[PDB]
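Left out: one protein chain. Kept in place: all the others.
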Amino acid sequence: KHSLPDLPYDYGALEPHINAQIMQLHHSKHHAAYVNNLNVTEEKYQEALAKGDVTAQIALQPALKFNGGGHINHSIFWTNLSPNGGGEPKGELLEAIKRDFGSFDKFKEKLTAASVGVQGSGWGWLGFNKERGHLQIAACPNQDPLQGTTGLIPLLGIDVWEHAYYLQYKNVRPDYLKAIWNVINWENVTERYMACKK
Amino acid sequence: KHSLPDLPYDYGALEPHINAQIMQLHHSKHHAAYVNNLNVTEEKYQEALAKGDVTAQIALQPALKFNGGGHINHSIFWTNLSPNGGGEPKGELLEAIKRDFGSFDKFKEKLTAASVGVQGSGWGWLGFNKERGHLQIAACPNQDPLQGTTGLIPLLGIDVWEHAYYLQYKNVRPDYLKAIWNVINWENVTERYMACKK
Amino acid sequence: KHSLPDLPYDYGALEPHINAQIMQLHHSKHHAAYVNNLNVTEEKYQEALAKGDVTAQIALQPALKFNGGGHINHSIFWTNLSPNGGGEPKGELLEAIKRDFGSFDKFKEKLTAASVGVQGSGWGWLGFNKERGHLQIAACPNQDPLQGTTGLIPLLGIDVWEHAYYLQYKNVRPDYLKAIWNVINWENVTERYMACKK
Partner (left out) sequence: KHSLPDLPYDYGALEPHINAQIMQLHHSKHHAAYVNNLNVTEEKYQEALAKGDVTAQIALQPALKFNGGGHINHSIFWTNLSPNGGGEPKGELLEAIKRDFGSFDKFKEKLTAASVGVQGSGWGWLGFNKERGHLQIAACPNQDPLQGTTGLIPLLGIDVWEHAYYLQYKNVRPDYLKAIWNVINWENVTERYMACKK
């Protein structure tokens, strides 16, 4: 059984880019629902697997994918954001961005374009293609995890679900992205790239 | 080139079930963006078709589907809601609900379950299966139109996109559905069933 | 661990509608591969679930769905076909077809149209919608099981995968369907409807 990961920072840490209400509602309601439904799906699905009902497993596949992907995506998202984060990434990760996207601003605009291009709910991901050994930009609809679906190891995540920004930015998602670029925890992305690149 | 259909009722007509801010933002921003992107996609796609580029047409298919389905779905949605609407449908449509779902409350709970079951963005639809000649409950993700995709002629539509209810009901979609059941324009659904059943 | 179900009839029973080579290759190779890959996916996926890796489970979901659906679909398919089968279904199932499709020939042409309409690999299904309590015609791509995906309890199945008919009928699938209508085991479909309707 999974558990809800506590935020490393208080709800009002992301002022004013993300107001306290959005963080509070997001974490305490949407991620909590994801983890609770994940636990329910896990217990039902495990008893189905023990019974040996393939039809039941295939029926439960969408719910398990949705809840587990939501949990994983939001767990990555919370770590990816810091009150102290933002600005310009440093170290080998910056060089990787330079050699894969030409410049950091080009990476910013490409990730912003990918995030806005998500029709409906979804996620915009910066991930390390380990087999090819280079950074990539992806967009995954709904709560589809990056590593589970595409195989790319996730480094940076942007939640373009409407619950992430509607209470503050209404329909202008580009403003939400421009703001969230100020709270990215580039140190955590550096740790993820170090652990992934290795 | 398509145009944005004006609301038959003012923005504050749906008080208090749907506050004025949600109706105003929805109609003036989301549907306007859908119709504008639909016009852009139509002109680009028509010049591509005249040129005879199948690859360009297949590339433009997702954008055309998204924008056109959004326009159609919201155009149906605005007519489906009335300040005077709500309560209990009358006439042959009520008998059709009785003979297809057992009772009107059973239809209400089935449509509510279908609408809540939409993972992410989507739409919950009551539609007349014309070939089989009976009412059906469907759920279509994102802005997929009912008639275009499933072939069911749409009668009643519920927008479970987060922009439809987040500013008022936050994460509890069931409360949004319970409220929207008070503003359903059953007379327009009766007209749609008469024109469809015929 | 699952096992390959033996055919109730020998390979050459379906002469001349389905030649012995197609039945032999189908059962001994395609279904055997499905069940073997299903066993492998089950063991890998069960150890992943015991470990508690949601990402691994979501990664293994497509393979499990493909193999398990192939196994279930072919297990239903083998029972649905009999050397003695064919002709005109008798009993309450015939009345159900009459009241849901108008006539048996209308059901035949509707199921044939659904089977031919499958773009690529897939399956054409006659299934009892238990909640609505009436027969329905569905088409499921690749090896997607009917009950697992759509919830319809499967009664009759038609494999429109190219391995089912290419060695004999080449590209004309309609001839394959017209032939397979002579070997349908309507008694087994009657048993399935009795067990389902109940």
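Letters A, B and C name the chains as they come in the text, with residue numbers starting at 1 for each one.
Note that in this section contacts are C-beta pairs under 8 Å (C-beta built on N, C-alpha and C of every residue); 3 or more make two chains touch, one makes a residue touch a chain.
Q: Would you indicate which residue among B:7, B:20 or B:64 is in contact with the undisplayed chain?
A: B:64
Q: Quick one: say which of B:21, B:46, B:103 or B:182 touches the chain that got left out.
A: Within the whole complex, the residue contacting the unshown chain is B:46.
Q: Would you mind spotting which of B:120, B:127, B:145 or B:157 touches the chain that isn't drawn?
A: Hidden-chain contact among the options goes to B:145.
Q: Sort through C:39, C:75, C:129 or C:142 and give me the one touching the missing partner chain.
A: The one listed residue touching the chain not shown is C:142.
Q: Which residue numbers on subunit B touch the omitted chain?
A: On the subunit B side, contact with the omitted chain comes from 2, 38, 42, 45-46, 49, 54-59, 61, 64-65, 68-69, 71-72, 145, 147-149, 151.
Q: Could you please point out the subunit C residues that touch the chain left off the display?
A: 25, 29-30, 33, 62, 66, 119-122, 141-143, 161-163, 166-167, 170-171
We take it that only the chains that are shown with their structure count from here on.
Q: Determine the centre-to-centre distance between subunit B and subunit C, using the mean Cα coordinates as centres, and give it in whole Å.
A: Result: the chain centres lie 35 Å from each other.
Q: Using mean C-alpha positions as chain centres, tell me how far subunit A is from subunit B in Å, no decimals.
A: Between these chains, centre-to-centre, one finds 29 Å.
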